[PDB]
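Take a look at this single chain, the form deposited in one PDB entry, given in structure tokens.
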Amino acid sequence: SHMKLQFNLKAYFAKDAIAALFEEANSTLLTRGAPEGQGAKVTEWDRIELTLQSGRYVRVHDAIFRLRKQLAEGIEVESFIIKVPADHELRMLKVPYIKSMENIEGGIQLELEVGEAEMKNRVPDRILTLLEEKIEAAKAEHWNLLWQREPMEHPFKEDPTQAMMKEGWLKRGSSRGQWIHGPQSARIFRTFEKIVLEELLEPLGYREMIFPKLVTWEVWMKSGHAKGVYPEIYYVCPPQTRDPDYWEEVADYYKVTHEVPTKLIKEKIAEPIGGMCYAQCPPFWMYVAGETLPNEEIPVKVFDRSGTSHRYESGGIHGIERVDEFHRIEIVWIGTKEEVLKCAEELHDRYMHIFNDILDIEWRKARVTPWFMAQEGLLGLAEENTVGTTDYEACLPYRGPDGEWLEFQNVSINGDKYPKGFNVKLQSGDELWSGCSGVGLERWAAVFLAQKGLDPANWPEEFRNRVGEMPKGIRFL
């Protein structure tokens, strides 16, 4: 039912002549209605008690400081109620500045808890917005094909991870979804990196940088990840102190029992400062944060390959196609909208050549949900049509004729999100855009070895040329 939004405030801050002010304040001072007469109205009333109410227009905490002006010839809060319309009931949720939440036979009734400082800082605004966004939501990722290569014959049908484990290419690491790469598998990773460097990054004029791998909340606040990335983060906590005396109990406990006291260690570490590299590109942005670029400096074309990314993926035993610790080449570009779109197309042309002529794999491209929207809790598609992600996918023969194709890398136009988030300006003042491309080496390896096999004699001439003589593994009895 069409219930109405209602702001309700009880507040208090010798004179009888205030009858020519308060009576007319309900028709002159607070009458600023948008569609019609939608201002603050009917209610009852230096303890000057106010019970005045409002809707979306001329808010009760925007009108309460307007009465601070008129009466000038601190505000203490008593009761605050927000009646929010909702077509159906909603689950109980704890949200700061909310004391009570109740679903009824009408909608949702919130009981907020604010001071005058909280009213000034716009607290009821964000609570409303969030609650309205939860009721608006009260489905699925987007996908459509752009191009696919003609089907190929697939003489190799085995799981490449199984094939790699059997043949001593790699082994499982100690941590969840983690691998140790022996000489052969390492040779494959470095050859993919050499290809991306020589066939893409150098001819396109990209410059190497080293991005930080420990990412703080500050970065993820600016990148928007602080909006919903939490389920997949590997959190990092420093110790509360470096004082050995403080850690002696833990060390002594271990030395006697041969078990590390993980519960006591958790008390002795600080709250998390952030987490391990997740999307890779965000910590780069502190390099350009608050800066203004001269127009001759763009497009800024940069890449990183200096470490591991960590994601707490879904449970189960997987191959190197799905891991909790991975190795990516992050490619980032910044410029005008036109340059960002042009840079993206330059990359597509270089990726096409690589996958067709060097790896000679069967692959496709598809428009999907923007990486940044997915990683902060959202789905669907971006508002601007030029903004979004293009996914690169390839078949894994072992998965069967109907198996799902593996996303092995992406290319994204991010719009002005990052330049806005990190406050990066252009000298001319024209809007800055950015893009990025993530190359997953474990994913390239899953695709290549699933299609081509582990035998150099069956790999394309172009790849084999770039590999050199394959190294030997470490053999055991």
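For clarity, a rigid core is taken as the largest C-alpha set superposing within 1.5 Å between two forms. Residue numbers count along the first chain shown, from 1. First, how it differs from the form deposited in another entry.
The one residue among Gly440, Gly421, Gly415, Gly39 whose Cα position changes by 2 Å or more between these two forms, with the core held fixed by superposition, is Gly39.
For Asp87, a C-alpha deviation of 2 angstroms or more is recorded between these two forms after rigid-core alignment.
For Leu112, a C-alpha deviation of 2 angstroms or more is recorded between these two forms after rigid-core alignment. Relative to the superposed rigid core, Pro397 undergoes a CA displacement smaller than 2 Å between these two forms.
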Given for the second form:
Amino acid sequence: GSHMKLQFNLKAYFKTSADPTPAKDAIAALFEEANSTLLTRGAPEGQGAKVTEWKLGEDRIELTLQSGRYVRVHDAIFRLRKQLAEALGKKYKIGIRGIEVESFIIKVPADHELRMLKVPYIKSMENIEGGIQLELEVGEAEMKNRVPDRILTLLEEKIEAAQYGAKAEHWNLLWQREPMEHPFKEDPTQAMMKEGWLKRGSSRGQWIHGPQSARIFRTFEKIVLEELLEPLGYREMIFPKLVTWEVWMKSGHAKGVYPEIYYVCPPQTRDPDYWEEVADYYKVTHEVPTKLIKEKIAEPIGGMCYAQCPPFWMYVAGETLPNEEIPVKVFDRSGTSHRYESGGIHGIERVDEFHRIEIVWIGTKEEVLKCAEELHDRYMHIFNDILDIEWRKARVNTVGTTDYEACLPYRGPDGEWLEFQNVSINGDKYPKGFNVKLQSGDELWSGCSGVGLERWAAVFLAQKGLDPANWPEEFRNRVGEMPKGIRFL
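With the form deposited in one PDB entry in hand, show me what the form deposited in another entry looks like.
No partners, no molecules, just the chain.
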């Protein structure tokens, strides 16, 4: 780690209506008092902002302002603006207009070099002793909007990622089941195809489930409702599946979800005449003109459901919950989630279109941890007593994700286990993101948990096979009489 000081350097001048040369005695007096009083507020001892030099023009008052991480220059300059206005407006009869930036320099500690990228408002970048120096192309509007703080946070993220969070996974085992005998060793996806349970859909990593596979999905759903959601007092809601930029901005997904989303674009207009060229092209060529269509669709409005819970938060956005209403415990099972997974075909263990029950809870810190614990107890009961599967759980501070993993015997003794279930304590992230308050003024937390039916199927069928005679009695009772598939010649 580099110990170099985080430092902000600002060279700027204030716009004046006329030339305030005579008011020099008052101007110099306020700057010295600012350095000992005003610019010190909100900073630890001797870490306040400093005006290092000052000079005058015939319509401008310039300064060089310096700061560390506290009372930053883009914050301190507006403090000096409001003081200089009141001190010179009443007696000296002179008005201060806008702020003009001449140079904005941030110095940030870093161990390694960074490849410079196209980032808005960053003029140039250069390596210096102990870190990185940024030159900013920023005016007063951008300073008021706190652009420098966002640029700093971005560079700090890039610095951390280049050195620290490089390990693919850091993994912490919490609980593991006693190993079981595994007499079934087929890839469940291949067995399901051979025995007429399902077929590949037209789209990438997409499946069509025949009656046999659908029955399995429905039984897992029934188990989650009856063994978890009902006894724990969860209430069904319907969350939207088309997710807008607004939602992902508030959830934080707009910070990097881009490589994995299926994007959605509305038509630019519903006017048939606008689309006639597309229809005509297809009727003549028997080909869909995708290049033309891309020109005729609007810019993306967002994408298809990715994490499932974010669009729910528009229901509580901007609202205050009464203390009587928490914990809010809800779930949704109203449709499909879409993710652009890695290249290479997979089985149902890794699809581009999946079906998940998303479980969401909101309350105080303690109510959220308690709710998480309730969920873990119910999941353990399900996996041990009903599905009777071999499994473990691992934790990827109480904020974070607990992952459930299970072995797939077709992958061999040294095969990688499959993540099939998770429980996430999200802290204040979502309440803060969507501006959801609690009546008592206590901090609101939330958690979520997603049951991916494909992953449960991949695990259960990999371990138990497709023959009901060899399934746990408790699972068999819930399935009922298996339906027949559609037989082909």
